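S.K.: Next come the chains, spelled out residue by residue.
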Amino acid sequence: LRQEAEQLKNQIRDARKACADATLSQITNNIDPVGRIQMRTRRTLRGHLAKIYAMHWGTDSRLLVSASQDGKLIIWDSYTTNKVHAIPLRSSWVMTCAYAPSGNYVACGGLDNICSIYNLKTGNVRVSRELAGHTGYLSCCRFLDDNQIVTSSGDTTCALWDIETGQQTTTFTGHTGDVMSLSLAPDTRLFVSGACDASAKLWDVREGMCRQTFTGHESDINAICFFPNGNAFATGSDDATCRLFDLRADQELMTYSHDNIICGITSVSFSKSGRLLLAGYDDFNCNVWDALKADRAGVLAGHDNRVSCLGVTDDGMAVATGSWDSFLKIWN
Amino acid sequence: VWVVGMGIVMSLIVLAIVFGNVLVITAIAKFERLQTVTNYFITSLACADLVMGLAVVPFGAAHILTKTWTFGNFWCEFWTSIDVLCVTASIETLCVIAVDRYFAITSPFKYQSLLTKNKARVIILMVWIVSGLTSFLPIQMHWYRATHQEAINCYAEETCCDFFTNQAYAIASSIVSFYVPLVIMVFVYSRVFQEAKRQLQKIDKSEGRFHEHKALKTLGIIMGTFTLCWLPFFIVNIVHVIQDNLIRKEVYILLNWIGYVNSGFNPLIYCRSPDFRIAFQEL
Amino acid sequence: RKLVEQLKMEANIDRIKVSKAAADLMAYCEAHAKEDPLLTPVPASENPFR
Amino acid sequence: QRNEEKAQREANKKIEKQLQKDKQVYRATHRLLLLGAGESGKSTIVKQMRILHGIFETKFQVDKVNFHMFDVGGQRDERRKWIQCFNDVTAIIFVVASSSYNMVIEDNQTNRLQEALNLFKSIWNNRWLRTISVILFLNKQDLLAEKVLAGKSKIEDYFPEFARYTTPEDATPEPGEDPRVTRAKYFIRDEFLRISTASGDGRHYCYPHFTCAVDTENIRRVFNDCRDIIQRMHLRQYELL
Ligand SMILES: Nc1nc2c(ncn2[C@@H]2O[C@H](COP(=O)(O)OP(=O)(O)OP(=O)(O)O)[C@@H](O)[C@H]2O)c(=O)[nH]1
Ligand SMILES: CN[C@@H]1CCc2c(ccc(O)c2O)[C@H]1O
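The listed protein sequences derive, respectively, from chains B, R, G and A.
The first sequence maps to residues 7 to 128, 131 to 340 in PDB author numbering.
The second sequence maps to residues 31 to 241, 268 to 339 in PDB author numbering.
So for the third sequence, PDB author numbering puts the first residue at 13; every next one is plus one.
The fourth sequence maps to residues 12 to 64, 206 to 257, 259 to 394 in PDB author numbering.
Keep in mind the hints are simulated off the structure, nothing from the lab.
Ideal Cβ positions, reconstructed from N, Cα and C, are used throughout, including at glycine.
Certain hints may be false.
[Stated by the list, open to error] Some chain A residues well away from chain B (every beta-carbon gap over 10 Å; in silico):
1. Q19
2. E27
3. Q29
4. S54
5. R231
6. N377
[Said to hold, decoys possible] Covered, in the sense of this in silico footprint (three residues per stretch, anywhere, with C-beta under 8 Å from a C-beta of chain R), are these stretches of chain A:
7. 245-256
8. 293-305
[Claimed, not checked] Straight-line C-alpha distance at most 25 Å; calculated DSS-like pairs for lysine-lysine:
9. A:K307 - B:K78
10. A:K58 - B:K89
11. A:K25 - B:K337
12. A:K24 - B:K78
13. R:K140 - A:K28
14. R:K147 - A:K24
15. B:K78 - A:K274
16. R:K140 - R:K60
17. G:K46 - B:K209
18. B:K57 - B:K337
19. A:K211 - R:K149
20. A:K233 - A:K274
21. A:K25 - R:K147
22. B:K337 - A:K211
23. R:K235 - B:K57
24. B:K280 - B:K15
25. A:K34 - A:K58
26. B:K280 - G:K46
27. B:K127 - A:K34
28. R:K147 - A:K34
29. B:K15 - B:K57
30. B:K337 - A:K24
31. A:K24 - B:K127
32. A:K34 - A:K211
33. B:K127 - B:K89
34. B:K15 - G:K46
35. A:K211 - B:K78
36. R:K235 - B:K337
37. G:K20 - B:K209
38. R:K147 - A:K274
39. R:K140 - A:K216
40. A:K34 - A:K216
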């Protein structure tokens, strides 16, 4: 059995090496560089009592929700900078948040191993359901529709829930380390997951089985996101490197790394056209990369502590970054 | 050419005070992380020092150089009131800083609840009101008069400036301004030193095997740099009014100007936090 | 047991050359670069956050 | 119209006023974290403190201050990636069973004491926990005294440094403790401090205690140590000492 497994692994390496016609750099060598990109802060939201570990925009790209370990979940209106809601939390340890596509629900989770759903359009906003089937903490939550939610926990598993009945429709297994992130596809049919075993997978929602595995990194994985096309994704690991993978070619394409940077990465995100790759960092600022050239094109350094979350509006008009100093910022 | 050499020396004493206090004012307001409860007292002290170094010292230097007064019999009293107000308000802030340090160290649990922004603002406003009450009101009421021909001729002349006061007003001003804060500061720092010594003894007893000059130097820099520069002026001020011509005037002005140069020393004594140094290096 | 069965499924899949994927990504980026407010700055008269 | 924004501006005022009230409560409370290896007696200690008045948490009041004690969740032995969240707690409470030197928790692992030292070394030399003090509870004292009193399974069998060790001069013995028991207790205590004092840069210290989890008033000891921790932090900040 052990010999058979090793022989099969060589087939994957042999087939992948044969398809590597050329590197991405030579193909896009003649592309004119974008240049230098500078942005200025437009708003600064205050009112959080402690560090911030979660953030998510809305479909209308006007309202956003933030979660902090003070025991609060505030909803902002970035156009006028006015708080709209403030939901108290039973547990003071919150590590994720989400916002429904229809805008009627908001999710949460944390070290209590229980996911919670609140009904915005009731005031008296209260808990609607408690999805309590897990072991270990949660890392991410995402909404498919008004009745489906996908959660990844810290016990090397992911699950798809059903809000109406509070039961697991299906579960995914195969990771050997804690799962730390996921990202649904634009058509909400596939999704990925970055574990701490320095690997990523590509699950299928309907079938409930893995399809591919990518092992290009060398440390823990803290973030993941999709290209706007849906045929590529980028990963941010504990080391300073970011890598871009391809589903059709099943190989690593291009790496974004700098000698000076020796810190970790907490979040990654793309642009509206999939040309810029903004990634957070542990050295108190954020960087802007180039998808097709790996050339840095600006630094967002208006934060007094590490950046823990990052997001881009659906219309691609602003970038919102949170940090551990309890201050959000909107860049344009 | 005594004036030519002195001019520069007085001049450095004017530029340094204005430039030194400018950094502290800008850094505190510009940066949000530096806006704490304790920093409000430092900001108030810096503002008082800025006002004094901008208004009082240049006019005194001009009077000393030109050897005459030009404004008249109104700006003289205005300048006297301004300098008295700036001197009185500068000292009493140090007592408040000593008191809040004592509260923070002696009572750790109740310190957070005891002091808030409203209480600090009320305390600062009360200190400024008390300082102003002893400077403008007694001078404008003309309660600091003198009874001799020299003072009468001085007030009759429109080109001469001098400071003549009776015993009662000088004693009251000295007691209100300097003597009362001094005993409070001494007691506070003695208690803080005792607490630090006890804590260090406990630490030594806990893990002496495997493992206080810092407190001495930290308290000495704060205490001596203030006392050894400001006590002589007040002792001579009290002495020369109760006695008849026991000391010349030049000594009086020389001992007075040390109080002005103390405003340069204050921002070096305080604002030594690593955040302050980082802000100064950045700006 | 489980690992050997799983790796067989991922061993036999259809793959294309890197050049085609790179060309597709570059073509998509070039085609959609026009409607990117972050790349080309929007006029100040049409900026909601300004 | 403009009337819509008038009501929105009023909604912020009500919300912003509630946050002011929450400022006082959050800023005037202290958070403590319980850590230790398996079967060390963590729940027994918190049970006694509970009567005095997922994740396991307990709130109690002493004098007028507010305290908030919570467990680590009781998760499995693992790499600790959630340890970065607790980087602003007042202190860390460490509970170790000192009466378990001749025991194994796989069956071929080192003795449970050496597993406790290994965990303590990793926690102490942590990048995130570079400014948090540790309170040590050398638990289960009665069993250790019974083991030493009866003649069998000597410490030298598992720790060969017992023969070369002697009672410290500045070690006050307990009135009921025998010389054979006082020596054994202090050998374990100094073993834990050697790791602590070696890599300490002065930011955080360690407080050792000899406690029984069932019949010892631990509440005063925690309160006194917490007061010292805050006092030392202020003294260091003010440059003095
Ligand atoms: N004899 C004695 N036993 C104690 C004492 N304190 C705790 N114990 C033991 O502790 C056991 C109780 O288990 P817990 O205290 O709940 O251990 P735990 O909380 O699960 O600790 P973890 O496994 O690390 O989570 C009892 O059966 C006792 O045998 C003590 O003071 N004396
Ligand atoms: C013009 N010089 C004045 C004279 C006396 C005096 C000063 C300051 C504080 C006082 O309480 C005083 O009595 C000095 O600034």
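S.K.: Among all the numbered hints in the text so far, which are the ones the structure does not match?
M.R.: 1, 2, 3, 5, 7, 8, 9, 10, 15, 16, 17, 19, 22, 23, 24, 25, 27, 29, 34, 36, 38
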